[PDB]
Amino acid sequence: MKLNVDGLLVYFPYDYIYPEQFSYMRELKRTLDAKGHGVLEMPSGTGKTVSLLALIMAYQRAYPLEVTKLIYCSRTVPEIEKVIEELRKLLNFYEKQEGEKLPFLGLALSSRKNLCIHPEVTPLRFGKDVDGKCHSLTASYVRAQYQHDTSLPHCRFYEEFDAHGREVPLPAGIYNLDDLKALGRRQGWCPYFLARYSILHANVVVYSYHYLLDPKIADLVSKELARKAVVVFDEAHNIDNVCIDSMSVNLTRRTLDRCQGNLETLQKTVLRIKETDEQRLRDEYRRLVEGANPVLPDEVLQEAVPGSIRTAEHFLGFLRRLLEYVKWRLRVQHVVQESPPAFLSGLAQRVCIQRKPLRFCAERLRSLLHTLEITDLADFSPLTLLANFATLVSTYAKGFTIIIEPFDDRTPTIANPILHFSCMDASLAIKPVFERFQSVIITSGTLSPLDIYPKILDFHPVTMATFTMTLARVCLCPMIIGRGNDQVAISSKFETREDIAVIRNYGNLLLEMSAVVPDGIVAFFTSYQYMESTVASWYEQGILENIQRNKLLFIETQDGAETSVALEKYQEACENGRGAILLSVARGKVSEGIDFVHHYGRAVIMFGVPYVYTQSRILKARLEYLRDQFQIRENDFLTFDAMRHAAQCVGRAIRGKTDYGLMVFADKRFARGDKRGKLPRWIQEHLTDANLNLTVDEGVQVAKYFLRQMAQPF
Amino acid sequence: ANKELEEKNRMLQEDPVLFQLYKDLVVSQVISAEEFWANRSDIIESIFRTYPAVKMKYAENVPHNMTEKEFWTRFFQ
Amino acid sequence: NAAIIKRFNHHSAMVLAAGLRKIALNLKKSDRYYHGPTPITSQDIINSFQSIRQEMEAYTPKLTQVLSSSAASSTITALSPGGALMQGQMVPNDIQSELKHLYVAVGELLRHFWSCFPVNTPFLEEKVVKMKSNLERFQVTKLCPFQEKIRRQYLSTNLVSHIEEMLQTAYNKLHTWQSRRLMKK
Amino acid sequence: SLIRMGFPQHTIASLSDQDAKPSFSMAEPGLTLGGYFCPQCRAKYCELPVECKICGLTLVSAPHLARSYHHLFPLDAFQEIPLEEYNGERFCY
Ligand code: SF4
Ligand SMILES: [Zn+2]
Numbered sequence: 001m002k003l004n005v006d007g008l009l010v011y012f013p014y015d016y017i018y019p020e021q022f023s024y025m026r027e028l029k030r031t032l033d034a035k036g037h038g039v040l041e042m043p044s045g046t047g048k049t050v051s052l053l054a055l056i057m058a059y060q061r062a063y064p065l066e067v068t069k070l071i072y073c074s075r076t077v078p079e080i081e082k083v084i085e086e087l088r089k090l091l092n093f094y095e096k097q098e099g100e101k102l103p104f105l106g107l108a109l110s111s112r113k114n115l116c117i118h119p120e121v122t123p124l125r126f127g128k129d130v131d132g133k134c135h136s137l138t139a140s141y142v143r144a145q146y147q148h149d150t151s152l153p154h155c156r157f158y159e160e161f162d163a164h165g166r167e168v169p170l171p172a173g174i175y176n177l178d179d180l181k182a183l184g185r186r187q188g189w190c191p192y193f194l195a196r197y198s199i200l201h202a203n204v205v206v207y208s209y210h211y212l213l214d215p216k217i218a219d220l221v222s223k224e225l226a227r228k229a230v231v232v233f234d235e236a237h238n239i240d241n242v243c244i245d246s247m248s249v250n251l252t253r254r255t256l257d258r259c260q261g262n263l264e265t266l267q268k269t270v271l272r273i274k275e276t277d278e279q280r281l282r283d284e285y286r287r288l289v290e291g306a307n308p309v310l311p312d313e314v315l316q317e318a319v320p321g322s323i324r325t326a327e328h329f330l331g332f333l334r335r336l337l338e339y340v341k342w343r344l345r346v347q348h349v350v351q352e353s354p355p356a357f358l359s360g361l362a363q364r365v366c367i368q369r370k371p372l373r374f375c376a377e378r379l380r381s382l383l384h385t386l387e388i389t390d391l392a393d394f395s396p397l398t399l400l401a402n403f404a405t406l407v408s409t410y411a412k413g414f415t416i417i418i419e420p421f422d423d424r425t426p427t428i429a430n431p432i433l434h435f436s437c438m439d440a441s442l443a444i445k446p447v448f449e450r451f452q453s454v455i456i457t458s459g460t461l462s463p464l465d466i467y468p469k470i471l472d473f474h475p476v477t478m479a480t481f482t483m484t485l486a487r488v489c490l491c492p493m494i495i496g497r498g499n500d501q502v503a504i505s506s507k508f509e510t511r512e513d514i515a516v517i518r519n520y521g522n523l524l525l526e527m528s529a530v531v532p533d534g535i536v537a538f539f540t541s542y543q544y545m546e547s548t549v550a551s552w553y554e555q556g557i558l559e560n561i562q563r564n565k566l567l568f569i570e571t572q573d574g575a576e577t578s579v580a581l582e583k584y585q586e587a588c589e590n591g592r593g594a595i596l597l598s599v600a601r602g603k604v605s606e607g608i609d610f611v612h613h614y615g616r617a618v619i620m621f622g623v624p625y626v627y628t629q630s631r632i633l634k635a636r637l638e639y640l641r642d643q644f645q646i647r648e649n650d651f652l653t654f655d656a657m658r659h660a661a662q663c664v665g666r667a668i669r670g671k672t673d674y675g676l677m678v679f680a681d682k683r684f685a686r687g688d689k690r691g692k693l694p695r696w697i698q699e700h701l702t703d704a705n706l707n708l709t710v711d712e713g714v715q716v717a718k719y720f721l722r723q724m725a726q727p728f
Numbered sequence: 107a108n109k110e111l112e113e114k115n116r117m118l119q120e121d122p123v124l125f126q127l128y129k130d131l132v133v134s135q136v137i138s139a140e141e142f143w144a145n146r190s191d192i193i194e195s196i197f198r199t200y201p202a203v204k205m206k207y208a209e210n211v212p213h214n215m216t217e218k219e220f221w222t223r224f225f226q
Numbered sequence: 300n301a302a303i304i305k306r307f308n309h310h311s312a313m314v315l316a317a318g319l320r321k372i373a374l375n376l377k378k379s380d381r382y383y384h385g386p387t388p389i396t397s398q399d400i401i402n403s404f405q406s407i408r409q410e411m412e413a414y415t416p417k418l419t420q421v422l423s424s425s426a427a428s429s430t431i432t433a434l435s436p437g438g439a440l441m442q443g451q452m453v454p455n456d457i458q459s460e461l462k463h464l465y466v467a468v469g470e471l472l473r474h475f476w477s478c479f480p481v482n483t484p485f486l487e488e489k490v491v492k493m494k495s496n497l498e499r500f501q502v503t504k505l506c507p508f509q510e511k512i513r514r515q516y517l518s519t520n521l522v523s524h525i526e527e528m529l530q531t532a533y534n535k536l537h538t539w540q541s542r543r544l545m546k547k
Numbered sequence: 248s249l250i251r252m253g254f255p256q257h258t259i260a261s262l263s264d265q266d267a268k269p270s271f272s273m274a281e282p283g284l285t286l287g288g289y290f291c292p293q294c295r296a297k298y299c300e301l302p303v304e305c306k307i308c309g310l311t312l313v314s315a316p317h318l319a320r321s322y323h324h325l326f327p328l329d330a331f332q333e334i335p336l337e338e339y340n341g342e343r344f345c346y
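Residue numbers (the UniProt record's numbering), protein chains in the order written: chain A, 1 to 291, 306 to 728; chain B, 107 to 146, 190 to 226; chain C, 300 to 321, 372 to 389, 396 to 443, 451 to 547; chain D, 248 to 274, 281 to 346.
It is possible that part of the hints are untrue.
As the list claims (entries may be wrong) - Which residues of chain C face chain D? A partial, calculated answer using Cβ under 7 Å:
id, residue
1, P388
2, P454
3, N455
4, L472
5, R514
6, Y516
7, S518
8, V522
9, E527
10, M528
Unchecked claim - Result set (DSSO-like, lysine-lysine): computed pairs, CA atoms no more than 27 Å apart in a straight line:
id, chain 1, residue 1, chain 2, residue 2
11, A, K113, A, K2
12, C, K305, A, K603
13, A, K113, A, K101
14, A, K113, A, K268
15, A, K223, A, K96
16, C, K494, D, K306
17, B, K114, C, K321
18, B, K129, C, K492
19, C, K535, B, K114
20, C, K321, B, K204
21, D, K306, C, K378
22, C, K504, D, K268
23, C, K494, D, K268
24, A, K603, A, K507
25, A, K370, A, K445
26, C, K504, D, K306
27, A, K223, A, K268
28, A, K228, A, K268
29, C, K417, C, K462
30, C, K492, D, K268
31, B, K129, C, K462
32, A, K29, A, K82
33, B, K114, D, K268
34, A, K341, A, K507
35, C, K535, D, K306
36, A, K69, A, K128
37, C, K417, B, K114
Please keep in mind that the hints were generated in silico from the structure rather than gathered at the bench.
Virtual Cβ for every residue (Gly too), placed ideally from N, Cα, C.
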């Protein structure tokens, strides 16, 4: 299927594709043509993916001198695994269309937790454990011990890869993580290191956003060689929050206690070294005096001489001084305060620790830790985090704040004080991506208005287009319920949120909807407290019994294992005749991780506008900074994030394969003129006055009709 | 249970001519008849059948000198 | 409070765990379908065609020349109950219940006797049910004439031999099958 | 697969309860003046087609089979001519 795209005729595998795909491709092409970044939105995942790959591949085949490589990033590995299979399918078509093989290579990267084959780490399942052992297995001392040929458990796959795998680069093809592991097993080469090396001889690379946002991993993959390469985000609607979160760090009482235990372990190691030999380790002292990896970005990090910290004793003393000050500053009993400059100024005043040596805390730590021949970093991790935090806060804080909380999060009060170095802007943190790469494309679904993004992120969008699904039938049906059958407003106002009538209206609505919606249905709540309160209220009433009697019900919690089992049971219940109902919190990890498909979340219910507790210090610092620095109003951004998060959790009902789904919003707020404008265009245009202010009964009636209309073939 | 025997009582009231022949075939000895057979509350019970704890608890703590509604109360209280 | 959610989800989990136990149309000779069971001078056609054309010279004749009371009465009398064209009992009552008793008995007995009678089945257990069925046929043949004698002596009129014919025919099938089996053996 | 099938003939009393054969129907069964039989069951039946209550063989009349032959002789669709197409036959045939 040759597509008459604006720039060139593009070969495509499927004989038929929808009109919006042509627009999306020819629109995205503008970013290539204009040699600049842009933003756009498209509901379908697979369609926009395959069309993106086709467009960029054809463009790359047409202009290989202009674009050397394509960098694609997506939400998670399970999605990446499907995308890379779609690329293979596209390449298989292209090879069949061309009739011959071409020098093209594409691969997906992943952490050593998944992308590993060594027998000793294979029984390990925690990422830090696998990484710590892998690092130890690949460590220079283990390599040296291996070169000594003494009895040693070593990574034969690494030695054979360094010897042979490095000597011969893989010629061409597409290698999925499972296929890359099998390849590594067959070749006897480390899949992770082989993939990392293959980046040097590959045209397409796939990894998640944190492989691009965290500078340690991102720098190794975003080298200057990619000075004229294109990077594309496919579902980074929360790129700001992920970026800020990747920059933010949390310190706690137990963290400091672990750091102290680690510090005592370092001291014991220094003693063991001093009693054995320190002169050999002083070989590092020369390069240090001459002048895991730090999270500091390319332009922020420098190989400057570490300063007064010139010995292990100095570093350990300097670390002791800081740890004591941090513990002291953390254990202080007072209201939550923000000291962005004052913490550093306080550190200089209270313990006379200057930012200059402190800037090299992580640099010296890794150097010292390496020379110390430590077993593994897994246990030292809290101390490394403290050292990373220390260098980070001492280097720059323009886009950060220090928050001190007498108690742990998620709890009203606990005798475990915590400190946060909360980040507040994505622009400066993501700046290297836009500065180095020639084009950046922000693609996503459930994407709230685009013009807010150029404010939160520093970019000059070449494209500003919002696409809507084009089909012979309205496969998606958004609807907003604003009134309960009890002739009462169903709005989730903060004071009205706890109203028994609204709670009852949601229960009656869910009872009826769960009875009429086939297979799997899902409902999102604002928070566990309201959810439990709501469930408890429904349990005191007959509502919860009638619901469970009509269909099985499952509820999500903070526990990943319990929610995973419950979700698997929910899905298995949907496979069988029993069917199931899934209740979850919109902000819950399950909502950002789960993908909804036909009969698996066929209908998604949103109870109220998802507004986070506005008294939370994190929100306060973030929101005031956006107003002070980026000039965005408090209610503007707070509503934008609520609209975005609602659409994100609710819009996931449509993912691909042209399967129908229902999206009901139980709040008249969504029907307001501003909220409607903040709603994504595809939802906004399918939404209409007939379904904009439906009564609970009207919602059930329109849903039942829509289900009847969707059951027949196209 | 003596279902083999009970089936006679079950069919004694379900169909009289069927049972009358079953008897006359033996009373008048028309054929060897033993060959015949070779050819031819919900609250507690639903909970007991559904939950392992009640399943085991009811087996050991089966109602004796008490009212079943008391056992129901002991569960939901 | 969380126990309610935990219990409700345990319940749904236990309910689920309890619900998990450990060719185009083808033809070669279609004309034969047109007939079904239906089974199977040239000048006379021309003569009949010409003669009928001259017979069609007279039309719309007089009803009183077309028909007559003699012809009409002959038809009505023929259609009368005593005529050539007009073609035109629960006397015993206690026998009614006896017949039902016998019909139910014979019906029950014959289902078993025929259960494996028409199939050849040259196997030990399948052949033994044949023999066991025949022995049972020899057993019913003892008691059935005794009931017949009662009917015959009590009625001595309006005999009911139909019931007996099912038995006699089963014996004809018995002797034919037995002789055929011995012949095939 | 092929199937063994029985094609009995309905039989009646000769004339107004004369040379009759008193019997009840196999389907409180009433007396049968006339009815079908089975070569093996020799039991009289009032309604056909039916499976043998004894032999387990289907008894049926020949027209019942022909009632299905339209499935074997699917009718060819007639070509549409919605316009008059100068067809001189004003009357539908
Ligand atoms: S060197 Fe390769 S095989 Fe060995 S632990 Fe690391 S990733 Fe796994
Ligand atoms: Zn028969």
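Hint by hint, here is what the structure shows:
Below 7 Å, beta-carbon pairs count as interface contacts, and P388(C) has none with chain D, the closest being about 13 Å; its hint is therefore violated. Look at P454(C): its Cβ only gets to about 9 Å from chain D, farther than 7 Å, so that hint breaks. About 12 Å separates the beta-carbon of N455(C) from the nearest beta-carbon of chain D, more than 7 Å, and the hint is not met. Interface hint status for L472(C): upheld, as the beta-carbon distance to the closest one in chain D is roughly 5 Å, under 7 Å.
The restraint placing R514(C) at the interface with chain D is violated, with a minimum CB-CB distance near 14 Å, outside the 7 Å limit. At a threshold of 7 Å, the smallest CB-CB gap from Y516(C) to chain D is about 15 Å, leaving the interface hint violated. With its C-beta approaching chain D no nearer than about 15 Å, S518(C) sits outside the 7 Å limit, and its interface hint is violated. Interface hint status for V522(C): upheld, as the beta-carbon distance to the closest one in chain D is roughly 6 Å, under 7 Å.
Among the interface hints, the one on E527(C) holds; its C-beta lies about 5 Å from the nearest C-beta in chain D, closer than the 7 Å criterion. Below 7 Å, beta-carbon pairs count as interface contacts, and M528(C) has one with chain D at about 5 Å; its hint therefore holds. Simply put, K113(A) and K2(A) have alpha-carbon atoms about 41 Å apart, too far for the 27 Å limit, and the pair is violated. Between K305(C) and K603(A), the direct Cα distance comes to roughly 19 Å. Compliance with the 27 Å bound is thereby established for this hinted pair.
Taken as a hint, the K113(A) and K101(A) pair is broken in the structure, with Cα atoms around 33 Å apart against an allowance of 27 Å. Our distance criterion of 27 Å between C-alpha atoms is broken by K113(A) and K268(A), whose separation comes to about 30 Å. With a C-alpha separation of about 33 Å, the suggested pairing of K223(A) with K96(A) is violated against the 27 Å cut-off. Taking the CA atoms of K494(C) and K306(D), the gap is about 21 Å. The hint holds against a cut of 27 Å.
Distance restraint check for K114(B) and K321(C): the Cα-Cα separation of roughly 35 Å exceeds the 27 Å cut-off, and the hinted pair is therefore not satisfied. Of the supplied pair hints, the one linking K129(B) and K492(C) holds, its CA atoms being roughly 25 Å apart against a limit of 27 Å. At most 27 Å may separate the alpha-carbon atoms for a hinted pair to count; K535(C) and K114(B) exceed this at roughly 33 Å. Straight-line distance between C-alpha atoms of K321(C) and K204(B) comes to about 18 Å, which keeps the hinted pair within the 27 Å bound.
Our distance criterion of 27 Å between C-alpha atoms is broken by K306(D) and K378(C), whose separation comes to about 35 Å. Between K504(C) and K268(D) the alpha-carbon distance is near 24 Å, which keeps this suggested pair within the 27 Å criterion. Annotation: proposed proximity of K494(C) to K268(D) is violated, straight-line Cα distance about 32 Å (limit 27 Å). Only pairs whose Cα atoms come within 27 Å are accepted, and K603(A) paired with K507(A) is accepted, the gap being roughly 25 Å.
For the hint pairing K370(A) with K445(A), the CA-to-CA distance comes to about 24 Å; that is within 27 Å, so the pair holds. Restraint check for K504(C) and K306(D): satisfied, since their Cα atoms lie roughly 24 Å apart, inside the 27 Å limit. Using a Cα cut-off of 27 Å, the hinted pair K223(A) and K268(A) is violated, with the two alpha carbons roughly 39 Å apart. Proposed proximity of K228(A) and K268(A) is contradicted: the alpha carbons are some 49 Å apart, above 27 Å.
Distance hint between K417(C) and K462(C) is unfulfilled; the C-alpha atoms sit about 63 Å from each other, more than 27 Å. Between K492(C) and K268(D), the direct Cα distance comes to roughly 31 Å. Violation of the 27 Å bound is thereby established for this hinted pair. Annotation: proposed proximity of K129(B) to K462(C) holds, straight-line Cα distance about 15 Å (limit 27 Å). Simply put, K29(A) and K82(A) have alpha-carbon atoms about 24 Å apart, close enough for the 27 Å limit, and the pair holds.
Proximity of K114(B) to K268(D) is assessed by CA-CA distance (about 36 Å); at most 27 Å being required, the pair is judged violated. A C-alpha spacing of about 41 Å is found between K341(A) and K507(A), which places the hinted pair above 27 Å, so the restraint is violated. Using a Cα cut-off of 27 Å, the hinted pair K535(C) and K306(D) holds, with the two alpha carbons roughly 17 Å apart. At most 27 Å may separate the alpha-carbon atoms for a hinted pair to count; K69(A) and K128(A) exceed this at roughly 31 Å.
Between the alpha carbons of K417(C) and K114(B) the distance comes to roughly 81 Å, so the proposed pair goes past 27 Å and is violated.
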